[PDB]
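Quick setup: one chain, the form deposited in one PDB entry, written in structure tokens, and binding and motion questions come after.
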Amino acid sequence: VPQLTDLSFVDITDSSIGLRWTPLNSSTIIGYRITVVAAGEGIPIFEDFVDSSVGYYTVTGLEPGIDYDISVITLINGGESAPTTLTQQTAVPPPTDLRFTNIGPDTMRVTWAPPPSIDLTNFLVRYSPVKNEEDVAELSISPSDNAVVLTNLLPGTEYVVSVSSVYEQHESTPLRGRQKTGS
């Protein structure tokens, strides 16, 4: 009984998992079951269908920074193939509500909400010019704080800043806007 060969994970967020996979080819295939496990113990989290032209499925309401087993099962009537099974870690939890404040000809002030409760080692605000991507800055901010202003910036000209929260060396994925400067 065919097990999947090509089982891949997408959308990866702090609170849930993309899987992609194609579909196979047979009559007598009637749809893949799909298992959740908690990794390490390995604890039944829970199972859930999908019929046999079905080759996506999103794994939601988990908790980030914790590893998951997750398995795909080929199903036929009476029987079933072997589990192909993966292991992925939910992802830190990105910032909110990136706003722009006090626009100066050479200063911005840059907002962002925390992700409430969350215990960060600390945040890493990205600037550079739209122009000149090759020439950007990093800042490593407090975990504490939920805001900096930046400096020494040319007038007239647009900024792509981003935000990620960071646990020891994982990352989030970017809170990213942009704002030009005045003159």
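The term rigid core refers to the maximal set of C-alpha atoms that superpose within 1.5 Å between the two forms. Positions refer to the first chain, counted from 1. First, how it differs from the form deposited in another entry.
- Core-superposed comparison between these two forms: among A38, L153, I118, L124, the single residue whose C-alpha moves by 2 Å or more is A38.
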Second form
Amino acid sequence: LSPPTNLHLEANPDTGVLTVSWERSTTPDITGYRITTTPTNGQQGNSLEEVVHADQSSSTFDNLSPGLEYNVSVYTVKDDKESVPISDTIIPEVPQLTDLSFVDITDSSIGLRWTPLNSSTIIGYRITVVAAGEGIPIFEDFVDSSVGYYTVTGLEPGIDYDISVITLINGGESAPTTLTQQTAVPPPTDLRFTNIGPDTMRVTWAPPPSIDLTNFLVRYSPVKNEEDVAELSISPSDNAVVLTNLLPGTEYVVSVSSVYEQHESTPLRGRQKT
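Would you mind generating the form deposited in another entry now that we have the form deposited in one PDB entry?
Partners and other molecules have been left off, which leaves just the chain.
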């Protein structure tokens, strides 16, 4: 009496159903198959059994627990006798979101959007934000199973973030579905040079919108010697600076950068002769 071959275990996380299938035994005149599903935790009285006819090559098991290992064994049955079983293990999972996306992206907030999953075991979702570089958890919340939208605020300009949504059941959770977000600090624009005397000039720029910065960074040097660069730090509430002690008849290159703590915008550059 030969066992079945080609045992396949399919634990669908979206429906919670385990489908057991196999290739029929080569033995002539079998009278069926016996299928057992048992958690491999040594807990007695929790084993499940199905019996199917000889022309059947599949069976199902409902309501298995995610995260718990089960052993599935299929016996070829021929009247009084059974084969040696074919067997394999499987650990059902909690379904994870599949269409998590960023929406409604503003300078100060990002919107998370997803389709709520259609399973009655889901008790809600856990939303976490982690600064990806240092692995520091920044933010956590929990929402009901019907919620498919969330507004995340408080992301530092310049920092890369891992933003995850985790499907929760009673006593279980899915692997996180993760997106990454990094918002660069916006540059200043509209660089202008005035009050241009022989050794002095006024530099003005338009600040970026809708961000309160820590400061501006001004870098300036003669075009023909970058190694002579000078730097000034400018208050984030001011949009101009007076450069002094400049070389006469010399073209300077000037750059202004937005700064939020350690992170800089792309530079706003211009050139101007004294």
